[PDB]
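Okay, here's what each chain looks like letter by letter:
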Amino acid sequence: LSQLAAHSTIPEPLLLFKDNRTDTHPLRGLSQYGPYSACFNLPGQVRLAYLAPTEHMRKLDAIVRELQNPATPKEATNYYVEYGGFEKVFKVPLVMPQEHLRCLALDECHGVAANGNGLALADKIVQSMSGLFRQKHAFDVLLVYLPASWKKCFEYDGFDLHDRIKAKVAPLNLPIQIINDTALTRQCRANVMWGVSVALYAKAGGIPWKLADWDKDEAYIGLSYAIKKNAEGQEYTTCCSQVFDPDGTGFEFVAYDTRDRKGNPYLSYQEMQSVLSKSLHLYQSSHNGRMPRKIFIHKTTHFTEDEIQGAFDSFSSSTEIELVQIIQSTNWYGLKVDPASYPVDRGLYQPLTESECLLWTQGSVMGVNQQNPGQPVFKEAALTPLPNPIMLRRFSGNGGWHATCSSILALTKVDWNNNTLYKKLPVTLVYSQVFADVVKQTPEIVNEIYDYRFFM
Amino acid sequence: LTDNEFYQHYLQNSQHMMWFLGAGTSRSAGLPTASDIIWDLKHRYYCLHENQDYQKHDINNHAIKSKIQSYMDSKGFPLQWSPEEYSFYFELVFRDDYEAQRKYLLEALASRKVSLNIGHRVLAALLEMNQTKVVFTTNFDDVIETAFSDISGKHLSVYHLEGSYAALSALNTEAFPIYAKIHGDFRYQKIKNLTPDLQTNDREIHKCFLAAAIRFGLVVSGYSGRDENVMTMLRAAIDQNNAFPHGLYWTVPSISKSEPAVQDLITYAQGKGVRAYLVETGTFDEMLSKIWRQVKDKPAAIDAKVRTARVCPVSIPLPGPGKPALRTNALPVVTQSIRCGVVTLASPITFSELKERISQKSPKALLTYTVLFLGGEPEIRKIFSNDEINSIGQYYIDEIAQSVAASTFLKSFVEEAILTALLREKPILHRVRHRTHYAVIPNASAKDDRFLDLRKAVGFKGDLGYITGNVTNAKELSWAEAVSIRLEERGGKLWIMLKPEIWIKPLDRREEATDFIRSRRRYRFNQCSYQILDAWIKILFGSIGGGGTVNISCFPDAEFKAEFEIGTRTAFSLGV
Amino acid sequence: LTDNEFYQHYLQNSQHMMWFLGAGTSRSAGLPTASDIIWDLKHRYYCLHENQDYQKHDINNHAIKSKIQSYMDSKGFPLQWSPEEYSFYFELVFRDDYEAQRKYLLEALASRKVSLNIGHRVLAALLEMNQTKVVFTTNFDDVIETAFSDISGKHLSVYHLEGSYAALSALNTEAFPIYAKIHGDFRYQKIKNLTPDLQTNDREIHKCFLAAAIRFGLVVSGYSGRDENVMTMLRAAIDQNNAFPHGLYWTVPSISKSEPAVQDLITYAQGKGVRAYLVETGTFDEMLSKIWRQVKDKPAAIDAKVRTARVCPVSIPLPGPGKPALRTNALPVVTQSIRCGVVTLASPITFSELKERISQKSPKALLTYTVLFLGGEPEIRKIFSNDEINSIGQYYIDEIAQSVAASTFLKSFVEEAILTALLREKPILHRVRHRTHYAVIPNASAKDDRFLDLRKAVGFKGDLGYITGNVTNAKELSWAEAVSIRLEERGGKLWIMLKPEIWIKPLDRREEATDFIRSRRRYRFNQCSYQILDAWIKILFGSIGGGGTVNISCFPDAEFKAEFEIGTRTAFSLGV
Amino acid sequence: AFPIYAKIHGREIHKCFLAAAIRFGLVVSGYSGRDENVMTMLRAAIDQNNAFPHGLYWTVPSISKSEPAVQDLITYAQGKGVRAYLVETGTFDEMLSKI
RNA sequence: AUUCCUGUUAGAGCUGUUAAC
DNA sequence: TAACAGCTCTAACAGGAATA
RNA sequence: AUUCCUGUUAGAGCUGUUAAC
DNA sequence: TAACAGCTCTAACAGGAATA
Ligand SMILES: Nc1ncnc2c1ncn2[C@@H]1O[C@H](COP(=O)(O)O)[C@@H](O)[C@H]1O
Ligand SMILES: Nc1ncnc2c1ncn2[C@@H]1O[C@H](COP(=O)(O)O)[C@@H](O)[C@H]1O
Ligand SMILES: [Mg+2]
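Protein chains in written order, with UniProt numbering: chain A, 5 to 263, 268 to 346, 356 to 473; chain B, 4 to 326, 329 to 375, 378 to 583; chain C, 4 to 326, 329 to 375, 378 to 583; chain D, 178 to 187, 206 to 294.
Possibly wrong hints are sitting among the right ones.
[Said to hold, decoys possible] Listed next, with one range per pair, are the computed distances between beta-carbon atoms:
hint : chain 1 : residue 1 : chain 2 : residue 2 : range
1    : C       : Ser69     : B       : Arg313    : 53 to 61 Å
2    : B       : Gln15     : C       : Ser69     : 54 to 62 Å
3    : B       : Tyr374    : C       : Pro337    : 35 to 43 Å
4    : B       : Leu82     : C       : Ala113    : 49 to 57 Å
5    : C       : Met504    : B       : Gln297    : 50 to 58 Å
6    : B       : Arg442    : C       : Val314    : 42 to 50 Å
7    : C       : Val314    : A       : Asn234    : 50 to 58 Å
8    : C       : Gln297    : B       : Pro322    : 31 to 39 Å
9    : A       : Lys92     : B       : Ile319    : 42 to 50 Å
10   : C       : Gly476    : B       : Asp564    : 56 to 64 Å
[Claimed, not checked] Over the 10 Å line for every Cβ pair with chain A, so calculated as not near, a few chain B residues:
hint : residue
11   : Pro35
12   : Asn204
13   : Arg218
14   : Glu231
15   : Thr270
16   : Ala304
17   : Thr355
18   : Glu358
19   : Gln409
20   : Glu423
21   : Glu483
22   : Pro513
[As the list claims (entries may be wrong)] Sample of chain B residues with no beta-carbon within 12 Å of chain C, all distances over it, derived:
hint : residue
23   : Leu359
24   : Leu459
25   : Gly498
Since the hints were derived computationally from the structure, they do not count as laboratory data.
The C-beta atom is built at its ideal place from N, Cα and C for all residues, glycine as well.
All chains should be built: construct the whole structure from the sequences, respecting the hints.
Pasting the structure below:
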């Protein structure tokens, strides 16, 4: 009775890179081959701009210089790869801004920060951008710096400065790479350089890497929510992200609102149907009208009867729907035996119940070790000694745990904002949660949809 | 009239209810509306003369919609969503070619884009299970026909303008259910959709509606007036003896946005003696969902198709353990049936009241409410006097897993019982944090031989480790090894969850040792965690995890005793 | 044309195939045929004027039929099953009242007596899965309208004479599937069933038959001819260019009883250059059953409704063993997976050939064909030389129960293996009678201590019994106690069946001791049989039937060894 | 088993043209007639009960420049009840581009 | 906020099970 | 609607860095 | 054949699994 | 279509009588 169903370890998903080469290590492949989207010239050159107070601009130009020159990894050398220099590794020059492409924040921002007013501080930071907006064509990415003296307005109740800035500059189409003092004072340098460089390339152009072995006929959907603590009650702001590989070479990753008020994170019949309608209409527009054949709707909470009925009735019979729920905190945890020195291989899925499975999005990864090749690497070794798996509670499917598990595993590796090897959750869930935070901070965003490069 | 009272009225008399659904239900069936048809026609018209690529620019874009509407207004056409526009654009595009008009209207509303939702399926179920007999519609596409064919499995008799008089006879001979389209199927020559055709009514269909008025009461949904012929037919139906035996219930998604024609017709009907009421019940789909919810004794065969989510999908079986194998922390509890004690109270009791009685009396027994008690009767007599106790009997839990899954009170009770059993005869202390239970090595008895293996588990490079002590930089915080033990219901099985933790003697001062808890747990890798879990299994069970079926009973010296049996080996499964 | 060649031709090209079902197919749907309708009309007519009780005398009685027909002949009416009779009796009973005639024809052919059989369901599946697009019918009842609604779950577009031009438009715009009734639904006013109405054809429908003639080839079933209008429409369809691209396949249940009109039409069609063929395929139901059988890649969703017997019903679960308990003779074999040896032969081998090789060589191993061998490789080398052996490898039987259930060779092989294992290390002799294996106490070693308990089992009033010996009145027959041991596959489990028997040393001379076998077994009542079964369990297993899991391996000293484990306690279940 | 591209080279196409005329309508471009074989081919295709159900469309760059036989055939088809039409468009390639 | 998710402290949201109103 | 049980989530902080 | 079904001796019928034809 | 495996049945006989 102690013998469970046999598991199968899904191998490490391959990532499409420069010249359609595949390598499961993102940074190693980027150094070796280059970005997938560099095959075409979406970014001609990464022209930057600075927005910071006059005192701390030297930090911005210093960090840009550090991006220009190669760096070596000091911490987590088990996984990271030596930086080859932005021009060498992304095959595109990184242009330092000239005098007019380099703005100065108003001194009134300091007064507002001393006053402890987050809303007015974000408004003033945005209003400082007019000098660059007269030259919006000149630059591609704006590096907004915030001095530590503004910490009092960085994060407090009912507010978040980063989300407010992102929601204020998203309709203005300019990507923004916010830099705090943390990126400056992080012990290691190759960490910050790799993260900032991949973010800069994604926000100026896009697609640093693309997941291979992706059927063009599947659209993956992830719903996630956030809470705004009202004085009387609460507001549950839920938003949905969508990923798919279209007929064109440009892999698409978008997010959107879901509309009024919600008291619970469970969508009703009409709201679920409307969101799903918007989703497959977006897919059809990106697929010249072709119907999706596989749909994956990942939700952090269980689908009610209304949500499943809305899913069933929104599509036609030809498009099978894979309604799956992702559980983050679970009691179970495993230990590999042959007992192994390193924890269980990443990607092992263990069918517990006919509808509930354990997926090991965390765990040892093979073939991505730089030093002592052949040794396994545990991404979260610093944080945890063992990997905590997630629970997939399939609410609607025809058959095959492998089909959804491999899709989730491949969706855990295409977060360009993530410096590390993978993510505990699929990019759909994480982007839906990020956009949920953004919408909760700024409710007047429900009108439009946005690409990933805006909010990553 | 409030919506809930309307629902109660409809449920009270649902056997005599005509439905009237014109162009409002089709919005939610996946097929284009009137405005969508108008915009599609404008798109074709603009792309045709002004030579522009049809697929290059879409139709639901705001810019393209504005440009096409500006072009239409340039040639003097009607301005915006105004009467005599839909028919105008039809007669403009198709220049009086009713065959081509019919073919286009068939293609736009064809039976391939339609995906039945809950509303049409629920109405078709009402038709089949024979509550509503007549469903009049001003709508062309076969949404209700497809829903009835999908649910009932029987062919539905649709009536139209070709035959025309066919419906009246069916009414007279009670050939229910009848689904008479006042404007007929698009599969036939006459469609009656343009404004000039919308001023007249077919004589036989008019007579059929007038006759059906006396027999049933009407519920009209997804209809916003704007049609003169249907409005005058309804007005004529009102102007006759006992026009509606069950009242005309006009439902709109929003009372505020309802056209004044509907309101004045309702006032006229009320002035003519009928009890016609206008209610708002939200969308048609939600209305029909609620109506089906209030339906009693719905057949299972049709309800398996009405609500496909109600049946449980994805019952995908799991394979065998054939052919590296992860070793989880789950100990399977193979106990299937247990015995408990029940006390009957002369007055109703609350689970909170029993919890506070537990807190005050502190008996040597367990109790929960559902009052099921595990232990000795005299303890319950201490808790409850003879006056409040009526009788004390026995309870049998034939299926433990189903019982704990059904009621969370049973889950908590069985978890507490198994925890008490596991720590009944052992020196390991039993504490609780939040709603979880912790078995922690005691401070005084830390030098026991049964802990020595645990001492080996935490040891560095094979030397002797430490099990209990004081934090390196804390004033009074004391720390020990511990295991969080929980009950997990998985499918049809129960398992015991063990997780190694670092217990802190002060409950509220755990965070001050966080770094220490981190520092002690930095290097508890797979081998070390395997060793600690094996040591904890040995401590909690007394037998190594090979082929063991150790059985533990709680309160063995009590009349009501629970005897569980948990396999000493944690869950494992070799890879395929 | 032979029926099989017709099936291959249809199967070869079923994509483009109109069907022309007549009133013969509805014969099975349970609807009254033409003759049944005539006899019903005669019954009403006779009972009406001659005042006789309607329900007192039935209609399918031979005497009442003869009496009514004699009465009809008395008034000069047509004699017997002759033309212009069906219409004659209709026009006589209903005296030119087409509304009442329609109502009666609706009531007789109503949609409550119809129970769809395999033929209509298979045709509706062909319609939905889109092989046949046009199904013409001269038949009124919705025998096929209902089947499509039940199978597809979608509304079917039925065409009739009320519109009658819908078919040509739907054909022209490829709105398949179309089901055009050449004589229209009975719901509508025009039915076109009397002989005067059967001389003319609707212009638009007639037009459709010719346009559809060019597109597809026709298969007409359940049509006997006798209709002038349909015959002349078919003849006109023949007299046009490439009249049938796939030939007119006229099918009759019997070629001998086919009317000469069909044969002369076939000859005329052949003379007009088309490949029309007349075949006999039995009844319509059998024809469509075979056609569906030859259909490839039929969707599971619709096939679950086409053949409801194909899905497995009555999967009624069994309850728990909760709460007198019968003790059967079944020992559960909990072994799930075993290992076997496979030899690859350079030339094909027959199971009979392997059996005779076993008989000649007599090796110390087991073999079966599927060649799976259990034992030592050198034994197989003795059986098969190196020249005929290509390779020797391993085989794993992950699911033993499913494997034995699927292949009876596996059942016999596993039964022989478990029998050899059980008698490997024990003195009890192993024999076979028919195909049943017997474990019998040996003659010489009958005084063993392990048999003493068995000696107690057969003893009378608790004394010492006898286990082996000679018959009371037989010249040379010797008798012994024995147990027939068999393998039984029950559901998803395997069990060992033990039955106490009286083995006779001469195989063919068992009957001469029958009385003795009876006499020894006269008083082997429940207690005595319980004792003998317990003693045999102890002998065969070495452990008493309490909480035991004895494991036995066959050929333990061999590379390929099978290790089974059978619970020592027989099956039991307490009453509910 | 569509699509097919059959060249008249003007009886093996006669039956094919007849069946095709039964099936779906025809549009003819780049042809002025002037050939009696195809003329009788099309005239024989017209007679059947459902011939060119969608319609026959003789498209020429200029209506007045077309040969009289084409207009005669169009009038004959219209009299027979078929929905044949003579529409004036541009060059065949320009017509197909606009389509 | 270059990143990652490990914990702490809280509240909700769903399910339920009773008592009602 | 008021408690109570469990399962799971986010909301604020804090926080150190890949088997030693 | 007042009954009952316990055995003996045989053959078929279905399923299969191979080899074909 | 020819064997082979099991599961189950009937077709002819024979045959003795309800825990002793
Ligand atoms: N989901 C719905 N449920 C009920 N009624 C609806 C729905 N959607 C639209 N309607 C009504 O249908 C009307 C439009 O029908 P018409 O414009 O006459 O074709 C609107 O005025 C709405 O009141
Ligand atoms: N199994 C069958 N299915 C359909 N039609 C049949 C069947 N057996 C016979 N028929 C035909 O049914 C016809 C009788 O129709 P009717 O002339 O209306 O009585 C005869 O011509 C038979 O050939
Ligand atoms: Mg960023």
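Check your understanding: Would you say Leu359(B) is clear of chain C, with no C-beta pair closer than or equal to 12 Å?
Key -> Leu359(B) clear of chain C: closest Cβ-Cβ about 29 Å, beyond 12 Å.
Point to revise | Satisfaction of the hinted span 53 to 61 Å by the C-beta atoms belonging to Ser69(C) and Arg313(B) | key: Hint holds: Cβ distance 58 Å, inside 53 to 61 Å.
Practice item. Beyond 10 Å from every chain A Cβ: check whether that's true for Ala304(B). Key: 18 Å, holds
**Study point:** No chain A beta carbon within 10 Å of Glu483(B)'s
**Key:** 27 Å, holds
Exercise for review: Just double-check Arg218(B) for me: nearest Cβ-Cβ distance to chain A has to come out over 10 Å.
Suggested key: 32 Å, holds
Exercise for review: With 42 to 50 Å as the target window, see if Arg442(B) and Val314(C) comply at their CB atoms.
Suggested key: At 46 Å between Cβs, range holds.
Review point. Does the Cβ distance between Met504(C) and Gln297(B) fall inside 50 to 58 Å?
Key: 56 Å, holds
Point to revise | Interface-negative label, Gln409(B) against chain A, beta-carbon threshold 10 Å | key: 14 Å, holds
Review point. Range hint 42 to 50 Å: satisfied by the CB atoms of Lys92(A) and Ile319(B)?
Key: For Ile319(B) against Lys92(A), whose Cβ atoms are near 49 Å apart, the range 42 to 50 Å holds.
Practice item. Given the hint of 50 to 58 Å, check if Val314(C) and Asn234(A) actually sit that far apart at their C-beta atoms. Key: 53 Å, holds
Point to revise | Interface exclusion of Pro513(B) relative to chain A, criterion Cβ beyond 10 Å | key: 25 Å, holds
Check your understanding: Beyond 10 Å from every Cβ of chain A: is that where the Cβ of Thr355(B) lies?
Key -> About 27 Å separates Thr355(B) from the closest Cβ of chain A, which puts it past 10 Å; holds.
Figure legend: structure checked against the earlier numbered hints; every hint is met.
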